[PDB]
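Using the hints provided, position chains B and C relative to the given structure of chain A.
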Amino acid sequence: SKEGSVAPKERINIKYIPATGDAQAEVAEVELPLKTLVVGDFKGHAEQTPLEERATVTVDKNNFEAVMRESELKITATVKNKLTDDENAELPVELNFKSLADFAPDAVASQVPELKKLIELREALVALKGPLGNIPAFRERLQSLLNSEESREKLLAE
Amino acid sequence: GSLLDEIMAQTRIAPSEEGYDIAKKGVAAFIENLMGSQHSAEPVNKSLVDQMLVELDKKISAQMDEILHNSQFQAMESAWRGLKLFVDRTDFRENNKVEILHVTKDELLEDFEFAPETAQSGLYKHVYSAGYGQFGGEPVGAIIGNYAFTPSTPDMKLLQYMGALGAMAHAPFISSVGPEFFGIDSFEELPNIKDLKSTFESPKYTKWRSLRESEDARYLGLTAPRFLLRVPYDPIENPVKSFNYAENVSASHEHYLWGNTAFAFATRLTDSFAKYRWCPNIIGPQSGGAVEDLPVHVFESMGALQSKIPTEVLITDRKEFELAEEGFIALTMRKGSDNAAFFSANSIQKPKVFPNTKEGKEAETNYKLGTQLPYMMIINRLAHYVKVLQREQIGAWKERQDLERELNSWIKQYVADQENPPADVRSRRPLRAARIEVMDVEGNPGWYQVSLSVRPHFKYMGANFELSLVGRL
Amino acid sequence: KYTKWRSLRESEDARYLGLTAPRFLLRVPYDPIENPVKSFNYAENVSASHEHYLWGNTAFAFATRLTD
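Chains as they are written, first to last, in the numbering used here: chain A, 1 to 158; chain B, 1 to 473; chain C, 1 to 68.
The shape of chain A in the complex, shown without the other chains:
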């Protein structure tokens, strides 16, 4: 960290060392944004901490998916069971919401294990419809399964 210089003399000795600079820190009167405080019940319980210790979170369009994920909106309730022939049956659920698409029935039914087997039932039926009507030899062996009733029921349990 030393500039190469010459021996000093009656001749003039130019050297290059860059200087510290003068900033003179510029004024900037920033203005006040119109800040609102949305207050109200945003989760499914009553928090045990008193009000003077809990915090306010700032939400804009870019971080709304992160504020919703870190809230852990866990909605646990007992709802009516309409998956069987019982009218007086009930079925509690367990919900974990991390995005705005978790309100949609694609992700609500995916978090209910009684509905994970019904979408998997439908996905197995959409898979059937493609190769069903293309090969006309499927109905030829439906009558063979109509004939072979013993070996068919042994394979349905598997």
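Simulated from the structure, these hints should not be mistaken for lab results. Any given hint might turn out to be false.
25 Å max Cα-Cα, derived DMTMM-like pairs, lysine to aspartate or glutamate [said to hold, decoys possible]:
1. A:61 with B:293
2. B:24 with A:52
3. B:59 with A:86
4. B:412 with B:440
5. A:116 with B:362
6. A:74 with B:195
7. B:24 with A:47
8. B:84 with A:150
9. A:154 with B:32
10. A:43 with B:254
11. B:58 with A:53
12. B:97 with A:52
13. B:125 with A:47
14. B:25 with A:153
15. C:4 with A:3
Just chains B and C now, kept in the frame of chain A:
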């Protein structure tokens, strides 16, 4: 192993490469339901698969109209998706921020019962001291109340402690009244009310008519009926991924995701600020009080094809004017479309009748301008700017003549003392005249009782149009 | 291997040191049609080794732009 023979004869996925475990579950599931009606034909089976999907969707969507539409779910969906309607509309690039506070409505009155004075409460910490009462901190414009107010004592004690909080931090508390506030217990019978003035002069509302007369009620607006948030889903209009979901909405209109209109009224506080950097512009169907892009739901009525009204009642013009005199920010809906409008943002304060002197007839019109609340929001900003601007100055070398000048040369960029300026000069400069009279305090010299006396422009409300014919002229 | 390089770069007097380009070509190999020689036909058989081309040093060519 005949099921393996059907996979190997199926030449699309025969030699156990990919998708052979899913299609094996497809064959075995269809045979278990095939015994209800024996038939052997693939194109009828292509309908019989579909006849096992329509009966399946009757099993699933009847369950997903019960996992949804629950009082714990829907009240926590409208309180959160309605926030997304407040985040998506407000332009955060145009100097806007919004704080989110988790309270519950029963906790909040206990928190005002917690402190002996409202100036030591826990909500006073988040409204005043963490925001406005803070060096450099951004101050609070308004408080959205995501509540459903009753006229009972645990909800008139809260608003008495929110009007006093709103008079300290200079921020009006906007929330909404419920159906049970009007005494109807089911909301769509509101236009059936034939006299709403006599309803409010009932002895059930003694803690309401005493709230209205109070001085700090100026910072309390209570908003509209309600508004719609989510269109119910449909396998053609708004589908879902890998599923067909027809949300069977019954005759009960409580199953629609009805939001709270303190969200939607604060949309107009902020979309007025994102355009003109002020907020008197909240009461215009073509001038900034128009809640646009509401959800609509076209369903079949008794013969005709109508639309579900996005606010739960059709507020007439006489009903809205009777709500305007009684201190309510009502939202009339543009009947037949997806728009709505505010017309008058009057706070709950009552214009006090002053005696018929020269000053009394004057000060009655002076006190009337305080209650209306677009005009509070052009002086709440003249309490948030001036608190911040005269906070930096502490410790300077100033005078009383210098104090008069740093304020008069400041607010006269907000003053357009002009009878007819253009439509942009009126809203960028919302004031019209401003008087500042700086005085002293004797005994302890150097304490300055100044009197900033602003004056606004005046909007458009009511006329007469008394038609006739002349015949010649 | 470059500890005496990354310590050269941080130094103050390294400001007066530029190190130039790959290399550049100087002489087209001769041809009895294109660039002939007097009273002789010379086809310079350039092999697959590209070291036989007259490759110059680009400190010549970068100082061409200092002077032009």
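Outcome of the hint check:
no.	hint	result
1	A:61 with B:293	holds (18 Å)
2	B:24 with A:52	violated (59 Å)
3	B:59 with A:86	holds (12 Å)
4	B:412 with B:440	holds (23 Å)
5	A:116 with B:362	violated (71 Å)
6	A:74 with B:195	violated (45 Å)
7	B:24 with A:47	violated (49 Å)
8	B:84 with A:150	violated (58 Å)
9	A:154 with B:32	holds (12 Å)
10	A:43 with B:254	holds (20 Å)
11	B:58 with A:53	violated (48 Å)
12	B:97 with A:52	holds (21 Å)
13	B:125 with A:47	holds (18 Å)
14	B:25 with A:153	holds (15 Å)
15	C:4 with A:3	holds (18 Å)
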